[PDB]
Amino acid sequence: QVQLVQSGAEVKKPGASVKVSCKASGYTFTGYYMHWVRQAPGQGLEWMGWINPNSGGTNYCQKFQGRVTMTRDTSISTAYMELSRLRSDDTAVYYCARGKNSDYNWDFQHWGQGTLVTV
Amino acid sequence: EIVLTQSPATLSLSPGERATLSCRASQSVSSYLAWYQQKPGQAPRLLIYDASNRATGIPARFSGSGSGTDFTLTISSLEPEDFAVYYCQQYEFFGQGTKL
Amino acid sequence: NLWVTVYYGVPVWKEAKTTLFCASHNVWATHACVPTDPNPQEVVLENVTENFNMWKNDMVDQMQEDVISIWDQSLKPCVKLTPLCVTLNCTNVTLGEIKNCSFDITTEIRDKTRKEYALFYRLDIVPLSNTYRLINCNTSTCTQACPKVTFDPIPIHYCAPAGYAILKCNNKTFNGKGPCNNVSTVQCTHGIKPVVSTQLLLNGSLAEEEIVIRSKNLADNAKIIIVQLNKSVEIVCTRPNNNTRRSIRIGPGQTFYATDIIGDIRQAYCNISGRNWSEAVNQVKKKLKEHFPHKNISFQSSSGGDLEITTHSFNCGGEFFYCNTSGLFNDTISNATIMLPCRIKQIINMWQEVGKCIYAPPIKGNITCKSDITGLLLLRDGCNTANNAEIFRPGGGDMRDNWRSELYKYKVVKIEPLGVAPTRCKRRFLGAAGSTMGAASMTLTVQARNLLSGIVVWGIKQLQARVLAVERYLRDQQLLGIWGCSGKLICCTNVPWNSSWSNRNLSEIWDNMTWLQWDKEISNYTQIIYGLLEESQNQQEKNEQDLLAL
Amino acid sequence: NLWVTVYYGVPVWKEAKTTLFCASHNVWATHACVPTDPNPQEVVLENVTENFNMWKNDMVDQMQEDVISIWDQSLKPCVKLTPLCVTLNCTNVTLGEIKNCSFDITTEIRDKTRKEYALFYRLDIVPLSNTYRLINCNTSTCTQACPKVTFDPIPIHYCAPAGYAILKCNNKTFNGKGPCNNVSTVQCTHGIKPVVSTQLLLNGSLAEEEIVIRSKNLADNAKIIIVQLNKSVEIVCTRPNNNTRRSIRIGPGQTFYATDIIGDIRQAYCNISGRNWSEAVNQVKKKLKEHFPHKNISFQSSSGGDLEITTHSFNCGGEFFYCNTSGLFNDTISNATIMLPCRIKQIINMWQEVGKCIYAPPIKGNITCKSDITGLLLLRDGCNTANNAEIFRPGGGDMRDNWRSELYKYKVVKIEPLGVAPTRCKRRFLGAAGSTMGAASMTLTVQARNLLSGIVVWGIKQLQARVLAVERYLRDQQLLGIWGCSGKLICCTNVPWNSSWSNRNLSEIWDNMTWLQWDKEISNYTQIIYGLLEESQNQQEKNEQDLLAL
Ligand SMILES: *[C@@H]1O[C@H](CO)[C@@H](O[C@@H]2O[C@H](CO)[C@@H](O[C@@H]3O[C@H](CO[C@H]4O[C@H](CO)[C@@H](O)[C@H](O[C@H]5O[C@H](CO)[C@@H](O)[C@H](O)[C@@H]5O)[C@@H]4O)[C@@H](O)[C@H](O[C@H]4O[C@H](CO)[C@@H](O)[C@H](O)[C@@H]4O[C@H]4O[C@H](CO)[C@@H](O)[C@H](O)[C@@H]4O)[C@@H]3O)[C@H](O)[C@H]2NC(C)=O)[C@H](O)[C@H]1NC(C)=O
Ligand SMILES: *[C@@H]1O[C@H](CO)[C@@H](O[C@@H]2O[C@H](CO)[C@@H](O[C@@H]3O[C@H](CO[C@H]4O[C@H](CO)[C@@H](O)[C@H](O[C@H]5O[C@H](CO)[C@@H](O)[C@H](O)[C@@H]5O)[C@@H]4O)[C@@H](O)[C@H](O[C@H]4O[C@H](CO)[C@@H](O)[C@H](O)[C@@H]4O[C@H]4O[C@H](CO)[C@@H](O)[C@H](O)[C@@H]4O)[C@@H]3O)[C@H](O)[C@H]2NC(C)=O)[C@H](O)[C@H]1NC(C)=O
Ligand SMILES: *[C@@H]1O[C@H](CO)[C@@H](O[C@@H]2O[C@H](CO)[C@@H](O[C@@H]3O[C@H](CO[C@H]4O[C@H](CO)[C@@H](O)[C@H](O[C@H]5O[C@H](CO)[C@@H](O)[C@H](O)[C@@H]5O)[C@@H]4O)[C@@H](O)[C@H](O[C@H]4O[C@H](CO)[C@@H](O)[C@H](O)[C@@H]4O)[C@@H]3O)[C@H](O)[C@H]2NC(C)=O)[C@H](O)[C@H]1NC(C)=O
Ligand SMILES: *[C@@H]1O[C@H](CO)[C@@H](O[C@@H]2O[C@H](CO)[C@@H](O[C@@H]3O[C@H](CO[C@H]4O[C@H](CO)[C@@H](O)[C@H](O[C@H]5O[C@H](CO)[C@@H](O)[C@H](O)[C@@H]5O)[C@@H]4O)[C@@H](O)[C@H](O[C@H]4O[C@H](CO)[C@@H](O)[C@H](O)[C@@H]4O)[C@@H]3O)[C@H](O)[C@H]2NC(C)=O)[C@H](O)[C@H]1NC(C)=O
Ligand SMILES: *[C@@H]1O[C@H](CO)[C@@H](O[C@@H]2O[C@H](CO)[C@@H](O)[C@H](O)[C@H]2NC(C)=O)[C@H](O)[C@H]1NC(C)=O
Ligand SMILES: *[C@@H]1O[C@H](CO)[C@@H](O[C@@H]2O[C@H](CO)[C@@H](O)[C@H](O)[C@H]2NC(C)=O)[C@H](O)[C@H]1NC(C)=O
Ligand SMILES: *[C@@H]1O[C@H](CO)[C@@H](O[C@@H]2O[C@H](CO)[C@@H](O)[C@H](O)[C@H]2NC(C)=O)[C@H](O)[C@H]1NC(C)=O
Ligand SMILES: *[C@@H]1O[C@H](CO)[C@@H](O[C@@H]2O[C@H](CO)[C@@H](O)[C@H](O)[C@H]2NC(C)=O)[C@H](O)[C@H]1NC(C)=O
Ligand SMILES: *[C@@H]1O[C@H](CO)[C@@H](O[C@@H]2O[C@H](CO)[C@@H](O)[C@H](O)[C@H]2NC(C)=O)[C@H](O)[C@H]1NC(C)=O
Ligand SMILES: *[C@@H]1O[C@H](CO)[C@@H](O[C@@H]2O[C@H](CO)[C@@H](O)[C@H](O)[C@H]2NC(C)=O)[C@H](O)[C@H]1NC(C)=O
Ligand SMILES: *[C@@H]1O[C@H](CO)[C@@H](O[C@@H]2O[C@H](CO)[C@@H](O)[C@H](O)[C@H]2NC(C)=O)[C@H](O)[C@H]1NC(C)=O
Ligand SMILES: *[C@@H]1O[C@H](CO)[C@@H](O)[C@H](O)[C@H]1NC(C)=O
Ligand SMILES: *[C@@H]1O[C@H](CO)[C@@H](O)[C@H](O)[C@H]1NC(C)=O
Ligand SMILES: *[C@@H]1O[C@H](CO)[C@@H](O)[C@H](O)[C@H]1NC(C)=O
Ligand SMILES: *[C@@H]1O[C@H](CO)[C@@H](O)[C@H](O)[C@H]1NC(C)=O
Ligand SMILES: *[C@@H]1O[C@H](CO)[C@@H](O)[C@H](O)[C@H]1NC(C)=O
Ligand SMILES: *[C@@H]1O[C@H](CO)[C@@H](O)[C@H](O)[C@H]1NC(C)=O
Ligand SMILES: *[C@@H]1O[C@H](CO)[C@@H](O)[C@H](O)[C@H]1NC(C)=O
Ligand SMILES: *[C@@H]1O[C@H](CO)[C@@H](O)[C@H](O)[C@H]1NC(C)=O
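Residue numbers (the working numbering), protein chains in the order written: chain A, 1 to 119; chain B, 1 to 100; chain C, 1 to 550; chain D, 1 to 550.
No lab work stands behind these hints, which were simulated from the structure alone.
Each residue gets a CB set at the ideal place from its N, CA and C atoms; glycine is no exception.
Careful: at least some of the hints might be erroneous.
[Said to hold, decoys possible] Derived DMTMM-like pairs (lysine to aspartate or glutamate); straight-line CA-CA distance at most 25 Å:
no.	chain 1	residue 1	chain 2	residue 2
1	C	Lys356	C	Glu50
2	A	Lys100	A	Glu46
3	C	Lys488	D	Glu541
4	A	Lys63	B	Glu1
5	C	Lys286	B	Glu79
6	C	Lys115	D	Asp104
7	C	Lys216	A	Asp103
8	D	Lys76	C	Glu108
[As the list claims (entries may be wrong)] Quick list of the computed label-pair ranges, beta carbon to beta carbon:
no.	chain 1	residue 1	chain 2	residue 2	range
9	A	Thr30	D	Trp55	58 to 64 Å
10	C	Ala439	D	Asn498	29 to 35 Å
11	D	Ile68	C	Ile460	19 to 25 Å
12	D	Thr82	C	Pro40	50 to 56 Å
13	A	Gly42	C	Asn282	57 to 63 Å
14	A	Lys19	C	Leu128	24 to 30 Å
Bound conformation, chain A alone:
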C-alpha cells in the first residue's frame, strides 16, 4: 500500500510563515508529482501547485505567486511547502496528494490526512 503522512496542525501570527511537510512511502518517491491543495473551512478546494522531486521543478497557482514556495528532500522521501506573509484568509486544511498515473497526474487517488493551519 501507499500513504502520505503530513505534519500536525499549526498556528501562526499574521505576517508570519508556515512550513508543512509530507512524507511519502510505499512507492518510489520520485515516481510521481506531488500536489498541494487546500480545503477552505466550509467551501470548495483550491489547488496550490505541484513539485517534481526528480528536479525540484515547480508550478504555482498564479494567485499565490511570490507567497508560496515548495521544495523536497529525496533522502527522506519528504516534500515541503512553505507559505509566507500569512493572512487570516489562509486558514484551511492543506492536503498532500498524488495522482494515479504518471501520464494524467490530475487523478488524485492518494491523499494525506491534511494539515490544518490557521492564524
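Based on these hints, arrange chains B, C and D with the ligands on the given structure of chain A.
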C-alpha cells in the same frame, strides 16, 4: 479559463433511490474529468475518472458519463453512506460540488 | 466466380516496436556504429495520409537508453575518485567562488602520505570552521572523465533493420500530432546531435516554414510546451580564465587532474544580442496568442528548483556550466547585447540518475563557444488571473523532451508483404503504397527484394536485429511453400472466395482501392483463409501420390 | 543466338576479411573452443595459381587479438596484488640477484597488521638506504597468475565459417610473397602453437625443403627478416634451484605466493651444442649471400634496447626468464657446448601493453625445458661499409611477427557461387576450380551443399559467424527465386545475350576458360544482367495472370 458548475446544489434523497449530478464547463475538455467524494473531517476520495472509469474500491453502482462541455455523475441504489459532498474536477480546476 | 489469390510483396504496414541501430573515440560516435548512407531515398507516398504522434513515439525512449548506455560504458575504464574523499582544509582564492584547498594524499606506497593542494569551486564543496568535504562523498564515487575523450555532439543517424521502414512527416507546419498528408519513406534518419541541455535548445534543427508551437495538451498545465524556431539566434559563451591543469598521482596508474590559476579570475558569461532576442520573443508571443486568443502573454524566470532547471545548463565542449537567463525570460528587453553570468561545476550529476556522478578535468586555456538557439522549452502557470494574462516560464530536465524535439518527424512501422485478394481464376521502394491494388502488383519484386538484407553497446543490438529479420523472412517463405505458391509473386489457388469476406465490387477492389485500404477490411478473415489454403495443398499432395501410384 | 544462363555453385572466390573460429583449463586452449577435425581435406587445385602475401594477411592481426583477449579474460578472476605496494626493507640473499625483503602486511582483520618476508629478484625491485618498492607500484597493479593454470602452448587450429575457404600455399620454397603454383584448399589450419618468444623462435614449424629467408623488403633496413630452418637445433634450459613456495594470506580468500630457498643458489642457463649452431649459422649465411652476392656476412649482438629484446625471452612452462645470447650471435664459435647465462623475473609485462602486468608464482623444485630452435628473427644494420660486409642482429618484440612466421602459408577467401554465362537456349570440394567452365558444371552440388552448414571469448565470434553465413545464403537463394530459377543449378533464362558483354568464342568459353578467368572478364556487367533478369520474371508473372484469368 475553465469554470465548473454543478447542480442541484443539494439533494434530499432516500435509500434505494437513484440520482444524478450535472457538471458543465465553458470549454471542451473531451472526457478528462474526475469526481470526488468528500465526507466531514475526511480526505477527498476519487470516485470516477475519465468520466467512465470507476476508482479502486468503488462499487459498480457508481458511474457517470458525458462529453465536451456537459457531464453528469450517476449513482444508483443510493445508500445513507452516499450522503456526502461530491466534486467535479478538471485539471487543477475544482467545482463547487453538491451534497446528498 | 471469385477465387482466393495470394500476393507477396504488397505495400502495407502496421505500427511496430523494434530496435534501430546507430550509423555514425568520441563518447557517442563510438566504434560500434556503422557507416552512414550518404544518399537517403525519400520516396514520396502520394495519396497516403499517415498519422503521427510524437508523444508516444518509442524512438524517444530508445534514444534515451542509448545515450545513457553509451555514456556509462565509455566511462567504465576511467579512474574512480575514491581516495579523494578526505578532510579538506580550505581558504579563500567579491567573486569568492573558488577556494584553495589542501589535503592529505596517499602516495603510490600505501605506507606513505604527503600534502597536496587543488582549486575547487564552491559549488562542489560542502562544509564539514574551514574544513570541507567533496559533495559526492556521501552519495557515490565520481568517475573522472578519461583525459582523452570527446564530448562533441556528433550527429547520429538511426537506421531500421530489414522488414521495417521509417516514415517521415514532411509537412513543415505539422504540430507533431495528427495526419500527415505529406509523407515519405526512408531507410535512415538524418544525423541528430545528442545535445544535452535545458531551457534553451542549442544546435538543434530549425523550422522550415515558420515558428511552430506544439504540446501534448495545451489544456494540461503539467505538460511542457515545445517551440521550434525558424530563425536562429546567435549566442556566444566564454570562460576567460587560465585554468591550467595539474597532474596528481592518486594511485598505481591513476592520475587526477586538478585545476590551477596563473592569472586573475573573471566570471564566465554568455553574450546574446538583445534586439535579436526581442524580435524572437515577440514572434513567439504572437503564435501563442493564436492559441490563447483573448489574453496577454508574459515571460518570467523559473519558479524555482535545482540549479539544473533554474539556470541554463549546457556542455561547452569542455567544462559544464550554468547560466542565469533571467535577463532573457523577461518582458523588458534592451537592444544592447545582454550579458548573462554563469558558474562552473567540476562535479556533475548526469540526467536524474541518483548515485551517478562524473568529475570533469580542467581545460588549459580559455574556452569560447558559438552556438545557435533553435528552440526552447516553456511551461505555463496554472490557474487564471483576473488580469487576463498567461505566464510562461523556462523548464526541462528530462532529456527525452530534447530528443522528442528532433525525432518528432519519424515513425517506425513493420511491413506485412503477404496479402490476399479475390480474382477470377483457378490454379491449374514501397512507393506503390499510393497506388491501387492492381497497379501495385507490378512492383512486388521491387519491394520484396529489400525485405531481407537491406542492411547491407551497439553490437548486441545489431546482432539481435539480424536474427529477427531472418525469422520473419523465413516464416513468410514457409507459408508460401506450404500453400504451393513457392517462388511466385502472384499465386492463384484452388480455394473459392467466400461471400462473407467482402461485398465490394471487383472493379473497385483492383482499380480504386489501395492495398492499405484493403487490408483494413479483409484482415478480419486472415487466419480463416490460411487454414483453408493449407488443407488444399494436403489434398493436392495425396492426389499426386494417387496418380503417381498408377 | 546466345542467351543468358544462370549457374549456381561455380568455383570462384575473392579476398575477404572475416572472422575465423578456434578449434582446440589451459590459458589458450579454453573451454570455448570446438573439437578439431582429424581429417583435413587438402583438395589440390591443379592449374590454379593463387597469389599470397604474408605481410598483409589479416589472419595475423586477428591472431594477435585472440591471444590477448584470451589472456586478459583468463586472468580476470585472479588475485590483484594491490596491498603488496608497501615499504620494503631488504637485505642481501657475486650473484646478488636475490634480496630478502621484509614488510608490513595487513591481516584478514583490517585493524591488525604483522611482519612478513619474501624473496624477490633484483630486477623486480626499485630503490626508494636499504628501502625499496615493487617496480609496478607506479604503473599498475600486477595480477598474480591463478595457482591452477597452464601456460603450455597448446596448438590451435583456425577454421573458416560456411561460405569461406582457406587456401594453402604448398610450395616448399615459397618466399611468402607472390604466386603459388602449388595450391590446395582446406577447411581448417593445422595446429599452431601460441609460442611467445623473441630472437630465436622455439617449437615452431621447420622448413620442408630447405632454409628459407623471407622479408617484406630486403632493401628496407627498418624491416625484420624472418628465417625458417629445415634442420632443428636442440637447446636445453634449466633453473637448478629449490624455489620452494610459501602461501601468504593478503586478504579474504586471497593468497599470495612468495619464493623461498632451501639450498644454495645457482644461475639459470641454457645449453646449446656449439658445433650444431655453427653449422646452422654457416648455412644461413650462405643463403643470405645469395641475396647479397658480393659482400661478407657478420652476426653481432643486439645494438641495445629493453631486456626483452637484448636477451632471449621465453616461457619455460613456468617462471619467465631471459638469456644472454651474445655467445650465439657471433662469428667466433666453438665446437663445445655453449652455456648461456639467464635471469629470472617475477613481474612480467606482457607484449608491449602499458599498464598491463602479471606476477608469476614460484615453482617448487627445479625446471628443465628441452626445445628446438626452428627459426629466428634478424635485422640488418643500415648504411654500408667500405669493408663490404653486412651486419645482422637479433630482434623482435612484436609477437605478430611470430604468428606471421607460421600463418604465412594460409589465405582466406570468400566463395561467390553465383555466375552467369552465354548459352544456346531459351527458357520454355571446390576442386572444380582447376576445371573448365563446362566440366565444372558437373560439380555444382558438391560445392553448393557445403556453403551453408559446413561448420557442422570465442562464443560471440562463433555466434556472429553463424548469422553471417545464413545472411549470405539466403541472399543468394532469394535472387534465384526472384529470377524464376529456384531449385535449379543451371537455369536458362528468357533474357538474350548482349554483344557488348563479351567477344569470346563460345567454344573457348566452355572448353578452355575456367570460371575464375570468366569472372574476371564478365563481372563488368554483373548488375546490368541482374536487373534484366528481375524484369523478365515480372513480365512472366503478369502474363501468367493474364492467361489464368481466361
Ligand atoms: C554547437 O556547435 C558549435 C559548432 O558547430 C560548437 O562550437 C564548437 O565547439 C568545439 C568544441 O569546443 C570547438 O572545437 C574546439 O576549438 C578549440 C579552439 O581552437 C582554436 O584555438 C587553437 C589554439 O592553438 C587553434 O589551434 C585552433 O585552430 C585549429 O582548429 C581550427 C578549427 O576550425 C582550424 O580551422 C585551424 O586550422 C586549426 O586546425 C583554433 O584557433 C580547439 O582547441 C579544440 O581542439 C581540441 O578538441 C578537439 C575535439 O574534437 C580535438 O580534436 C583537438 O585535437 C583538441 O583536443 C586536443 O588538445 C586538447 C588541448 O589540451 C587536449 O586536452 C585534448 O585531449 C586533445 O589532445 C576544438 O577544436 C569549435 O571550434 C566550436 N566551433 C564554434 C563555431 O564555436 C558548440 O560548442 C556547440 N554547442 C554546444 C553546447 O556544444
Ligand atoms: C617446447 O616443447 C617442449 C615439449 O614438446 C616443452 O617442454 C615441455 O614443457 C612441459 C612444461 O614444463 C614439460 O611438462 C612438465 O614436466 C614437469 C617434469 O615432470 C618430471 O618430474 C616429475 C616429478 O615427480 C615426474 O612426475 C614426471 O613424470 C610424469 O610425467 C612424465 C611426462 O612425459 C610421464 O612420462 C611420467 O610417466 C609421469 O607421468 C617427470 O619425471 C612436470 O612436473 C609438469 O607437470 C605439471 O604441469 C603440468 C602442465 O601441463 C600439469 O598437467 C601437471 O599436473 C603438473 O602440474 C601440477 O603439479 C604442479 C606441481 O607443483 C602444480 O604446481 C600444478 O598446479 C599442478 O598441480 C609437466 O609435466 C614437459 O616435460 C617438457 N618436455 C620436454 C621434452 O622438455 C618446452 O617447454 C617447449 N618450449 C617452450 C619455450 O615452452
Ligand atoms: C549528502 O550531502 C548533501 C550536502 O549538500 C546533503 O544535502 C543537504 O542536506 C541538508 C539536510 O537538510 C540540507 O539542509 C537544508 O537546506 C535547506 C535549504 O538550504 C539550501 O538551499 C537554499 C535554496 O533556497 C540556499 O539558499 C541555502 O544556502 C544558504 O544557507 C546556507 C546554510 O549555511 C549558507 O551557507 C548559504 O551561504 C546560504 O546562506 C542552501 O543552499 C534549509 O532550508 C534547511 O533548513 C530548514 O529545515 C531544517 C530541518 O528541521 C530547520 O531546522 C531549519 O530551520 C530550516 O527550516 C536545511 O538547512 C542541505 O541544503 C542539503 N544540500 C543541498 C545542496 O541542498 C544530503 O542530504 C546528504 N545526504 C544524506 C543522505 O544525508
Ligand atoms: C616508475 O618507476 C620506474 C622505475 O624503474 C621509472 O623508470 C625509471 O625512470 C627514471 C627516470 O629518469 C630512470 O632514470 C634514468 O635512467 C637512465 C639509465 O639508467 C638505467 O639503464 C641503464 C642502461 O644502460 C643501466 O645501466 C642503469 O643501471 C646503472 O645505474 C643504476 C643507477 O643507480 C645503478 O643502480 C645500477 O647498478 C647501474 O649502475 C639503469 O638501469 C639514466 O641514464 C638517467 O640519468 C640520465 O638523465 C638524467 C636526467 O637529467 C641526468 O641527470 C643524468 O646525469 C643522466 O644523464 C636516469 O637515471 C630509470 O632508469 C627508469 N627505470 C628504468 C628501469 O629504466 C618510471 O619512470 C616511473 N614512472 C614514472 C611515471 O615516473
Ligand atoms: C518565422 O515564423 C514567423 C511566424 O509567425 C514569421 O513571422 C512573420 O512575420 C512577418 C513580419 O513580422 C508577418 O507579417 C507574418 O505574418 C509572420 N508570419 C505569420 C504566420 O504571421 C517569421 O517571419 C518567420 N521568419 C523567417 C525567417 O521565416
Ligand atoms: C525583468 O524585467 C523587469 C521589468 O519588466 C526589470 O525591472 C527593471 O530593471 C531596470 C534595471 O535593472 C530598472 O531600471 C527598471 O525600473 C525595472 N523595472 C521596474 C518596473 O522596476 C528587471 O530588471 C528585468 N530583469 C532582468 C534580469 O533584466
Ligand atoms: C493519387 O490520386 C490521383 C487522383 O485520382 C491519381 O491520379 C490519377 O491517376 C490515374 C492513373 O492512370 C489517371 O488515369 C488519372 O487521370 C489521374 N488523375 C489525375 C487528376 O491526375 C494518382 O495516380 C494517384 N496516385 C497514385 C500513385 O496512383
Ligand atoms: C616456389 O616459389 C618460388 C618463388 O617464390 C619459385 O621460384 C622460381 O624458380 C624458377 C626456377 O628457375 C625461377 O625461374 C623463378 O623466377 C622463381 N620465381 C621467383 C619469383 O623467383 C619456385 O619455383 C616455386 N616452386 C614451385 C614448386 O612452384
Ligand atoms: C637445409 O637447407 C640448406 C639450404 O642451403 C641445405 O644446405 C645444403 O648443404 C649441402 C652441403 O653443405 C649443399 O651441398 C647444398 O647445396 C645445400 N643446399 C643448397 C640449396 O645449396 C641443408 O643441407 C638442408 N638441410 C637439411 C637437413 O635438409
Ligand atoms: C664474440 O666473438 C669474438 C671474436 O670474434 C670473441 O672474442 C674472443 O673471445 C675469446 C675469449 O672470450 C678471446 O680469447 C679471443 O681473443 C677474442 N677475440 C678477439 C679478436 O679478441 C667474443 O668473446 C665472442 N663473444 C662471446 C660472448 O663469445
Ligand atoms: C590442367 O591442364 C592440363 C593441360 O591442358 C589438363 O590436362 C588435359 O585435360 C584434358 C581433359 O579431357 C585432356 O583431354 C588433355 O589430354 C589433358 N592434357 C594433358 C597434357 O594431360 C588438365 O585436365 C587440367 N586440369 C583440370 C582440372 O582440368
Ligand atoms: C493585452 O495587452 C494589450 C497591450 O496594450 C492590452 O491592450 C490588452 O487589453 C491586453 N489584453 C487583455 C485581455 O487585457
Ligand atoms: C530598440 O530601439 C527601438 C527604437 O525605437 C525601440 O522601439 C525598440 O523597442 C528597442 N528594442 C529593444 C529590445 O530595446
Ligand atoms: C464461408 O462460406 C460458408 C459457406 O456456407 C459460409 O457458411 C461461411 O459463413 C462463410 N464465411 C466464413 C468465415 O466461413
Ligand atoms: C471483424 O470486423 C469488425 C469491424 O469493426 C471488427 O470490429 C472485428 O474485430 C473484426 N473481427 C476480427 C476477427 O478481425
Ligand atoms: C668475404 O669473406 C671472404 C673470406 O676470406 C673474403 O675473402 C672476401 O673478400 C670477402 N668479400 C669481400 C667483398 O670482401
Ligand atoms: C670444430 O673443429 C674443427 C676441427 O678441424 C674445426 O675445423 C671447426 O671450425 C670447429 N668448429 C667450431 C664451431 O669450433
Ligand atoms: C546491350 O544491348 C544494347 C542493344 O542496343 C546495346 O545498346 C548496349 O550497349 C548493350 N550493352 C549494355 C551494357 O547495355
Ligand atoms: C570494365 O572493365 C574494365 C577493364 O579494365 C575495368 O577497368 C572497369 O572498371 C570495368 N567496369 C566495371 C563497371 O566493372
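Outcome of the hint check:
1. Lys356/C - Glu50/C: violated (41 Å)
2. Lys100/A - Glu46/A: holds (19 Å)
3. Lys488/C - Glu541/D: This hinted pair holds, its Cα atoms lying about 8 Å apart.
4. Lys63/A - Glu1/B: This hinted pair holds, its Cα atoms lying about 14 Å apart.
5. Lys286/C - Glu79/B: Cα-Cα ~54 Å, so violated.
6. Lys115/C - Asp104/D: holds (23 Å)
7. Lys216/C - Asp103/A: holds (11 Å)
8. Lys76/D - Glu108/C: holds (23 Å)
9. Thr30/A - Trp55/D: 58 to 64 Å: holds (59 Å)
10. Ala439/C - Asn498/D: 29 to 35 Å: This hint holds: roughly 30 Å between Cβ atoms.
11. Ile68/D - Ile460/C: 19 to 25 Å: holds (22 Å)
12. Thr82/D - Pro40/C: 50 to 56 Å: holds (53 Å)
13. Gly42/A - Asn282/C: 57 to 63 Å: violated (46 Å)
14. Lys19/A - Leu128/C: 24 to 30 Å: About 26 Å separates the Cβ atoms of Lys19/A and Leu128/C, which means 24 to 30 Å holds.
This entry does not satisfy hints 1, 5, 13, going by the numbered hints stated previously.
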